[PDB]
Amino acid sequence: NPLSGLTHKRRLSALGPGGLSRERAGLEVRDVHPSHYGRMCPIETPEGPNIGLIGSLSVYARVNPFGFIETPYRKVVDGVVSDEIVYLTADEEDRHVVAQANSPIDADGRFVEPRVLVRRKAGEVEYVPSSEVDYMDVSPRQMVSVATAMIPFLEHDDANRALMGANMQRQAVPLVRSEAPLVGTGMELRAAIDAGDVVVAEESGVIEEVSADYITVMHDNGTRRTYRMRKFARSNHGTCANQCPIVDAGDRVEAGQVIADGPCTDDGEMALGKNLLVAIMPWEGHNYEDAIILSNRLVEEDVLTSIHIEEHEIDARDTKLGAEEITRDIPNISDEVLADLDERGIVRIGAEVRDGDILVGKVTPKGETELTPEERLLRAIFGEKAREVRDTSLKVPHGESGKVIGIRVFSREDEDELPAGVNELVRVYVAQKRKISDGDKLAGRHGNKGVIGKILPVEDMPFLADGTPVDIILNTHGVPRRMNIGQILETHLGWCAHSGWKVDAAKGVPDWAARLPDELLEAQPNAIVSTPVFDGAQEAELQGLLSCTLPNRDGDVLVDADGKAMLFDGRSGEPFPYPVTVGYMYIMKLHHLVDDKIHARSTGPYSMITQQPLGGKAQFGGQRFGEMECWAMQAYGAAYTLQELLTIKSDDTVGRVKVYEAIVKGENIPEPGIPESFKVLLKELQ
Amino acid sequence: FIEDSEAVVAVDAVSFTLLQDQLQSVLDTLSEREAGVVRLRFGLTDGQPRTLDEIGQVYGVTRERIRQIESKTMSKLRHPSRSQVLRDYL
Amino acid sequence: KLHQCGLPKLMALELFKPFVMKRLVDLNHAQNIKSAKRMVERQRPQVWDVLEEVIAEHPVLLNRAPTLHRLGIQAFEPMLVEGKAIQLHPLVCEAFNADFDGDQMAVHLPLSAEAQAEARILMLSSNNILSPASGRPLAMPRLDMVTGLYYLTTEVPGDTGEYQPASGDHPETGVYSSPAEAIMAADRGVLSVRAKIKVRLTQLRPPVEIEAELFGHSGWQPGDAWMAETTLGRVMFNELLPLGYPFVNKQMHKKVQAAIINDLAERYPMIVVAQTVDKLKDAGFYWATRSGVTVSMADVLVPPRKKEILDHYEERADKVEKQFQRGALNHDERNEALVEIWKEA
Amino acid sequence: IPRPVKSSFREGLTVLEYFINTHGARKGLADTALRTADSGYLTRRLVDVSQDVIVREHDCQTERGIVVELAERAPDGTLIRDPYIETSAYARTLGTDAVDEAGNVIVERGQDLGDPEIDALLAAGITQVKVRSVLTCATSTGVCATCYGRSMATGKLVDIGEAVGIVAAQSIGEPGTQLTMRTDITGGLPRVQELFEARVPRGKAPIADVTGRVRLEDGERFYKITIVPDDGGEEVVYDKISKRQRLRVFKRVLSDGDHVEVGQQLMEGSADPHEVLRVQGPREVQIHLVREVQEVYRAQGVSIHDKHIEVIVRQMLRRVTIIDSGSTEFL
Amino acid sequence: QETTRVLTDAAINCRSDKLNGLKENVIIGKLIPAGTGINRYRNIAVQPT
Amino acid sequence: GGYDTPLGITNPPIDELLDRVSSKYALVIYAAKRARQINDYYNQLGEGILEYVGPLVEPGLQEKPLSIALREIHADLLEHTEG
Amino acid sequence: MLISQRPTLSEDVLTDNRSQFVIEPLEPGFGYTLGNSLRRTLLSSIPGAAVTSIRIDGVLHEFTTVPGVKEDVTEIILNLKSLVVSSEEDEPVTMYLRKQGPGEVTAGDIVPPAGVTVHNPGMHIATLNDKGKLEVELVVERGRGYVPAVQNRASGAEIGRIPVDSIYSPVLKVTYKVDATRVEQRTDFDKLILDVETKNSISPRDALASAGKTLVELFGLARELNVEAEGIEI
Amino acid sequence: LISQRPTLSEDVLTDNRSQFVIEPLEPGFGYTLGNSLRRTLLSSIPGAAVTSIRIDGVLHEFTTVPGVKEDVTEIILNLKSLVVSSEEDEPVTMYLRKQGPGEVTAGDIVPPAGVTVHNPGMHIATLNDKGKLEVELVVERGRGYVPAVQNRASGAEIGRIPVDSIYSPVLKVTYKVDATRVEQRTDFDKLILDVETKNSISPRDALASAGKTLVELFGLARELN
Ligand SMILES: [Mg+2]
Ligand SMILES: [Zn+2]
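Chains as they are written, first to last, in my numbering: chain A, -2 to 683; chain B, 276 to 365; chain C, 19 to 363; chain D, 27 to 357; chain E, 528 to 576; chain F, 226 to 308; chain G, 36 to 269; chain H, 1448 to 1672.
Simulated from the structure, these hints should not be mistaken for laboratory data.
Accuracy of the hints is not assured; some may be wrong.
Claimed, not checked - Straight-line C-alpha distance at most 27 Å; calculated DSSO-like pairs for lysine-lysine: (1) H:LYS1527 to A:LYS432; (2) D:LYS32 to C:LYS325; (3) C:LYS19 to F:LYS289; (4) C:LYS361 to C:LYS340; (5) H:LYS1637 to H:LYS1623; (6) H:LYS1527 to A:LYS271; (7) C:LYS214 to G:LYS248; (8) C:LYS325 to C:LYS272; (9) C:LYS324 to C:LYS340; (10) G:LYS208 to C:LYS297; (11) A:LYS118 to C:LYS297; (12) H:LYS1623 to H:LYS1645; (13) C:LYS40 to F:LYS289; (14) C:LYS52 to A:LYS382; (15) A:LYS499 to A:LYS271; (16) H:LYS1637 to A:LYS451; (17) H:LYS1637 to G:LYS248.
Given these sequences and hints, build the entire structure.
Quick look at the structure:
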C-alpha cells in the first residue's frame, strides 16, 4: 500500500555493513532510551527477530547536518510561550527542560497552574514551577511515527497491540473500491500526498480534459500539461497500482491539490480498508480464538476484493547444441491446448489460463539419444518421428489462474539491451481478481487480526431491528485480555459517525459538550470525523454523542445510550436475550492470503547433492519434518511411521520408485532401505 | 535449491513398466511368430534390433517376406483396438 | 468431531494423487495410468467422487512448528472442505498452542499398513486427551466454551419462574414433572434457564447422598424417579454427561470441569470421554452465544472512589518527596518509599 | 519508575505515561523472544540425556524407593493434604505396604496410589509412604514398568517399550516459555538451566557439614560464620560470604549458639548440588534436585509430575569417579 | 555437540558403536528400539484363529 | 458400558480392542500384519490358491484392509504369539 | 426453476415412540429454514389434551399434604400432568377419580366418560395408605402447545381447584440438527436430522405429517396472493 | 382452544417496500415464522441480472477505453448495480451505443422485448469529444449469487468479460412481533413483516413466490399416507 512505500523510507535500521548484526545484537541496544522521544517512534518496530533494531523517524523529526536527529520545540521565555520554533538534538534536550503540549496555555503564552509536567535530563518526570520551563513540545503525537499516527484512539491501546496494528497497517492490499474511513486521524491526508502515489496538481489552473488515461490541465499562463496515469501497473509484491482521476472537465484546481487518487486513496486521503458493520458477540464458535466471520455480502458486492497481478518471464537464450525458438511447433501436445497461443508463440491477450496451461511456446534442441526399444516400436506404430527438439515451454505454475493483461516482448532483432547469449525475452502479466474467502487474514487498526473462519450467507447473520445484517462478527474474549479497547471506542464513534448526531443545544450547551469545537453539535449521516492521536474523543464526549444519534428513516434509535443493540438471530429467529455491541469498524485485508500459502506435494523435484525433496512452494516442495517432530514421534513410540518419513519419502532413491509402483499397482509398501543421507555421511567420513 | 533433471521422477518408472506389460500383452494378442519378428526387429528381448539378414538367418528365410510381415503386423496395430490401450502412452 | 479434521479438497487431491489414480484406473474411468494422471491434472468432476472413496478411514498427520511437546503431531481422519484452509477442531488448540492469527499447519500422510495403524491407534486425537506431563486434560473445553457452560449452569436468585413455597392463596408453582416440560416452559417466556426449580428426573443419577437416602444401595436410574431442587441449566448440562455419572449440581468454573473430565477419563473408557467432550463443546458454544458477553465502554465501570484514593496516596508521596528534599534520606530510600506507596495505592 | 502511571486504558493515557509503558512492553516482547531459544536448548539437552530411558521390563522386583509426604500433620492432630500431592505422590506404585498403627495394610505393594487410594490413606491416618520410583529402579539398561508407575496420558501402567525419557524431556521443556523471570538468586528459566547443568549457583550458599551449635563469625561486609561440632572434632571455619544476602531462617534467623543440622543451609540463597552430594548422599541430593526444580515450576503454576524430573536426575547420577585404581584398568 | 573433538577421539579410541539408542537408529534409517520397534512387538506371528 | 455408537475411524472402539492384547503397540503390529495379509490375499487371487486366507469377516462395499483387520480383531477371530 | 436434486425423508425408529428423521439433500441453506419451523410447529401446533386443574378434598388453604396418601399435593400434581388423555370436546370436561382403601391408584382407575380415553395404562398417581380415600375432580380440555397454569382463571372461586400446568402437545421433545452433505462436488448441501420424542398417544410419523399439513396451509395462506409466481419447484 | 386461522393483511408504504401483518398465531411462533419467510425471501427469489458484457475496444477486464473518464472494472462495478427483469429463460442480450460527450445513463440502453430496465437514471460512465462506448450485455434469469462463469467454460471467444450475477430482486427484510400474552391464556402472536425490494418486482410477488416455494417444500413432509 502507499503507506508501506512511505514507511519503508523514513526507516532507521541499526543493522548492516558497519553496524551490529542480530547475533551480535545485545538486549540493551533494543530498548527505548528516554532520548527517543520525538526522534524515533517507540511503537513501530518489526515484531520478529528485529525488535528495536529497526524503527522509524518521528513525524516532526529532522536530521542534523552531522547525522544527528533534531526535533522542534516551542521556546518559552519567562513563562510566555513564544512561537520561535528551535530544533534541538538530544544533547540540548538534556541541558534544557521540556514541558507538555497538553498544558493549560491561557491564550497569551502564559501557563495557568504553576505546577507543571516536565522532563529532566536523565528521563526523570517531575513538577517544576511555571518559571523554569524554557522549552515546550510543539504538539502531542510528536513521539509517534507516521503509520502509528494513523491509529485512532491510540492512547487507549496497549503498546503490544499498538505495535501489531502499526506493523499490519502497512500490509493492507489495494482493493477495487478503496472507500475512505469514517473515523480516522489527521494523517490520512498527508500520508498519501507525500507517499507519491497520488498525482498532485503542480501549478494551479483549470481542467482542460480528463479521461481514464491522462489529465490535461490548463495553467493560468498559456501552458498546458498532461499528467499520465499508471493503470494496472504491477507493484513489487503483485498488487494493483491503479490511478483514476477524481476531477471533472470544468473544475478549477490549485497548486498542491490532489488530482487523481492512487492505489489506496479516496478523494485525497488514505483508504487501506473498508467500513464494515461489526458486532462483538461470540457466535456459534466460528469466531473462536481470533477467528472472524464475514457476511457473504462482502463477496457479493466485492467489498474486500483485490486485483493481484503476477509477472512471468522466459528468455530464449543460446546453447551448445544450437539456439532455441519461441514458436508454435511444439512436440507432443494436442492442438486443443494450442488454441490460446497466437501465431508466433505467446498467448493472446485476455485468454483466461488455468494451472499448467501453456503461456510461451518455446522449444529447445536435444541432440541424439538412443531410444528405448518400446518407444521405437510405439513411435513406428503411429508413424510419428523422433522430433529431436525438446520442449521447455513457460507453463504457468500450479495453483494459479486469471486473465492476461499485457505481454511485453523484447528481441535481439529490435536491438534491445539483452544480456550475453540471449536472443528473445518475453514477460506475461497474469492477473486474478482475488475475492475474500475463508482463510484470508483480516485486521483492524488496533492489533486485532484473524483468519476468516466462515463466510455465512446473508440470511443466517444477526440483523438489527431494521433488517440490516451485520457484516462481520468479532469475538469478545479477545478484547479485555489484550487491552486494546480502542477497537471498542472506534466502534462506538463509528456508529456515531454513521447515523449522525445532533446535540440539541436548546437551553445552553450540555456539560459534556462545553469544550467541543463548533460545527460538531450536529452532524450528517456518513459524515467523516477525525480524532488526532493523543487528543481525540474523550470518553464523556463519546457518551454524549452516543446519547443523541438521530434515527435512520423511521422513528427508530437502534443503538441506545449504552452503545448496544437488540440483534435478531438470523439463523434460529429468536432475538438474543441481551443487547449486543454494534458499530461501524474500519478493517483492512492483509497480504497473507490463502492462495499464497496453500501447498501440497505427493512427488516432485529433488535436491542436488543430497537426494532430499526440494522446498519453498516455488517448486512443488515439501515440509521440513525436523528434529523436534522426530522427538515427538519417538515419544509416541511411532517407529514405522518415523522410518517411513525418514527413509522412503526423502532419501531412499531406489525405494521411492518402489513405493510409487506399489501404490499404483495396489501392492504393499516395500520395506525401507538405508537412506541417501547416511551414505553421504559415510562417504564424507571416509 | 537446484532440481535434478537426471533423476527418477517416479511416475516415469511405473508408467514405463505399465507400458512394457501392456505392449507385451498386445504383442501376444497378435499373430504367432510375426509379432515376434516385430519384437526382434525393434529388439524387445535381445536389446539390439538386428537386420533382415539376421532374422532370416535365425528363421531360415528371406528378407522380402520379413518386410511383408512387418507391414502386415504394422497395419493391424494402427487399428483402434490395439491402439486404444496404447495411444495414451505416446 | 474430535477425531475428524478439515482438508481442502484442492490439497487432498494432491496428497492422495497416487491413490486416486489407482482407484479411477480401477473404475474404468481411464484407459491407463497416463490418461488417469492427465484427468487428475485437469480435475474432471468425477475425480472428486473417487477422492471421497480413497480418503475415508485413512488418517493424516497434523504437525505445527514449533512442535514443543508430544501432542504437536496428531492423526485425524480427513474430510473434504470447501475452500483452501485446513479446518481444525477447536479442542486441539490447547495441545497445538494454535490460535487463529494465520498460523499454519503441515499435513503429512502415512503410507504403509504399519504407518496407518500407528496413526489410527497411537496418534489419534480422541486417544490423546490428557497431558503427558501431569495427566490433566487438553481436550478440556476452554475459553469461549467455559463461558458458555458457566452461563448455562450459573444460578440467579430472584429470576423468572423460581420455586417459592408460598401457600394459602396459591400453590407453589415451581414444580415441573419432567425436563421436557421444563424445556417447554423455557421456550415460552415463563421459565428462565437459570431459575431454581424442582424437577422430577428419571434418566439422571442422583448424587451419592441422595442415592443412599432414597434407594440406599442399588438404585438403578433408567427406571427410577427422584426429585431435585436445581436449575434447568444444570439438568441441561447433566444429560450431556454419561448415564453412570452422578448428578453434579454445581456452577461450572473451569476447575470444576477439569475435575469432572479427570474423573471421567480415570473411570470410563476413552471413547466415552471423547464423546462427552464433543457434547460439552456443542453446548458450550450454543450457550456462549446466548450469554450476552459483550465489551462496551459503558460496561467498563470506573471506581467512584478513585480520586479520593489518589489524593490520599499523593499526600504521602508528597511527604516522601519533601523529606528527600530537606535531606533526611538519600535517593534510593525515597525511591523505595515511593515504590511501596504506589504499590499500596 | 517512581512517577507512576495514574491513568487507566479506558480514560486514555497521557503522552509520558504511554512512553513509560512502551519500555516494559518492548522489554517483555524481546525477553519472550529469547526465552523461546532458551527453552529449545533446554529441551534438546534433556532429550539427549534422557534418550536411553525406555521401559524394558514389567517389574524389577526391587524394594528400595523414596518416601513421600502424603498429608503431614497439624497441631490439632488433623491431616492436612500436602500442598503438592497431585504431582509428587499421585500415580506411583507403592512398594511397602502401608500399615496404620497395626490396623491393616490399607494398600498393598502393587497398587497404583490413585485418587481413591489417597483418600483411603488419608482416612487411615498414615502420612509417610514408601513408593517405587525411577531413581531406585534396579534394572540394567532402561527403567522397569512398575517403578515408572502410571503413564500420565494413558492412565494405566506404562507399556513395556514406551520411551519415557523423551516424554520426560518434552514435558520439562514445553513449559519453559510459560515460566518467566524476575529481579542475587536466579529465579527463572536460567535457574532451572543451572540446576540441570549442575553448576555452582551464582548465589552460592554453602551448607553445614555437621550438627552442633554455631560459632557466629560475622565479619564486616561478609560472614565467615563457623559451626561448632556437636560430636565432630573440628569447627568448620567458613570464609568471606557477602553479608549483603541475609541468613536462612528456621525454627528464627541463624543466631549464635543455635543447633544446626548435618546439612543445614547457613546463609540465605541456593546450595550447590556437589557439596550436598558429598555430604548427605545420593538420596538427599535427589530430593534436593527434585524439590528445587519443582519450586521453580510451582511458582509459575505449572503442573508437572515428579517422575519426569526423576528420570532426568536418575540419568544424572549414573557414573562414579575413581579415587583409587585398585589394580585393574581404571584411571 | 562438539562434533570435531568427539569424532577425533572416538577415531583414536576405535570406539565401536552398537546402534542401540533412539538416535543412532534414526541416523541410519533402520527401525528404532522403542515403541513398535522392539523385538517383543516387531516379531509377532499373526495367524487366523 | 453405554457409549453412543462410534463412526468413521473410531469403529471399533480402541478400549474394547485393548482387552484382546497387552498394549496398543501390540494392537498396532497385530492389525498391520493382518491388513498386509488381507492385501496380498487380494493381490494373489488371480493366480493359483496359496496359503493365505481372509478376510474372515464380510467387508463393506469398499473398505480399507486395515479397517477389516481391526474389525476381525474386535470379533475375536485371530490369535498371536509375541517375540 | 428446477430444484436440481429432490430431497428425501427417511426415518430411523429407535423406540416405539422415538424417531430420527433425516432429510437430504436440502438446498443450501434451507436446513435451518425448514428445521426451526418444523421444530416449533411440532411442539406448538398439534392439538392435544391434558389435565388443566384439579380439586382434592381435604386441601383448602394448606396445599401441603393430602390425608391418606403417601405423597404430597405437588407430587400428585406432577404425576397428573404426565397423564395422557385424548379428548373430543372444546368445553372443559370433568374427569372423576375416586378410590378408597389401601394400595396404589393406577392411571386406569379413573373412570373415563365416553370419548376421552386414558392412553397411559396404569401410571402411579397416588399411594393411598391406612385405608385412605382419594377423590380428585380433574378438568380436561383440548389445546395446543404448553399453556402454563392459568393463574386465576376465575377469581379463585373454586378454591379447591388448583390450576396445574398443561402439556397439550402430543409430542414432548424435538431437537433439530443440520449437517453437511455432498452433492456432486458442492459438499455444502444441508442434511437435516430431527430427533422427535412423543408420548404413546400418536406415532411420531403421524405427528410430523400433521405438522407438515399445518405448515403447508400457513405458507399457502402466504402463497395465495399471486398464484402464478415463478420459483423453485421440486 | 383457540380456533381461528390467521390472516395476511397488507399495508403499502412506498412503491417498492411494504408491510404484511399475520394474525392471530400460536404463541412463541411469530419469530420463527418471520425468520423462515426472511431466509426464504433473502436467498431464493428468482430474478434476472446481467452476467456478461462485451465492450468493443477491450480484450479483457483490466484495461481502459479511450475517451471514458472511467475504466473497464469500474464500468463493471457500475453495471453490477443495475436492476433488470426478464420474462423468458433464454440468455437474452441488449445493446448500448454512445458517441460524443455526456453522461451515459441506463436509459440509453435499448432492450429487446420482455426485458426492461427499472432505473434509467443510473450513472454508468461519462464521455468526452473523443469518447465512444459500445457494449453488449447478456441478461439471464436465475437465483442467488452465482460467481463469474469462466470464459473457457463458456464459448471462450476472447472479449466476453464475465461478470458476477446476483439474481435477488429483494433488498431488505425485517419483522417484529407484538405478543399480547394476557393472563387469561388466550395468547396469540402478531407478525408484522417488512419487505423492501429493489424495484424489480413488487413485494407482493416476492412474498407470493416465497410462499409457493415453501408450500412445495412442505408438501414433501405432508404427503406421507
Ligand atoms: Mg499466535
Ligand atoms: Zn523398577
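Inset, instruction - Assess, step by step, whether the Cα of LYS52 (chain C) is no farther than 27 Å from the Cα of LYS382 (chain A), and give holds or violated. - result: This hinted pair holds, its Cα atoms lying about 21 Å apart.
Legend entry - Given pair status - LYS325 (chain C), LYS32 (chain D), alpha carbons within 27 Å: Distance ~10 Å between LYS32 (chain D) and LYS325 (chain C) Cα, so the pair holds.
Legend entry - Holds or violated: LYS1637 (chain H) to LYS451 (chain A), with C-alpha atoms at most 27 Å apart: 34 Å, violated
Legend entry - Holds or violated: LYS325 (chain C) to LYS272 (chain C), with C-alpha atoms at most 27 Å apart: 36 Å, violated
Inset, instruction - Sort out whether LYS271 (chain A) lies within 27 Å of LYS499 (chain A), counting only the CA atoms. - result: 25 Å, holds
Legend entry - Hinted pair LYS1527 (chain H) and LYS432 (chain A), Cα distance within 27 Å: 16 Å, holds
Inset, instruction - Take the C-alpha atoms of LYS118 (chain A) and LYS297 (chain C), compute the straight-line distance between them, and say whether it is at most 27 Å. - result: Violated: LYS118 (chain A) and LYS297 (chain C) sit about 62 Å apart, past 27 Å.
Legend entry - Holds or violated: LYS1623 (chain H) to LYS1645 (chain H), with C-alpha atoms at most 27 Å apart: OK: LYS1623 (chain H) and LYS1645 (chain H) at ~21 Å, within 27 Å.
Legend entry - Given pair status - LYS340 (chain C), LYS324 (chain C), alpha carbons within 27 Å: Between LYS324 (chain C) and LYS340 (chain C) the Cα gap is close to 24 Å, so the pair holds against 27 Å.
Inset, instruction - Decide if the proposed pair is consistent with the structure: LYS40 (chain C) and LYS289 (chain F), CA atoms, cutoff 27 Å inclusive. - result: 14 Å, holds
Inset, instruction - Below or equal to 27 Å on CA atoms is what counts here, so check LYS1637 (chain H) against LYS248 (chain G). - result: 21 Å, holds
Legend entry - Hinted pair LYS1527 (chain H) and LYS271 (chain A), Cα distance within 27 Å: 19 Å, holds
The structure shown violates the earlier hints numbered 7, 8, 11 and 16.
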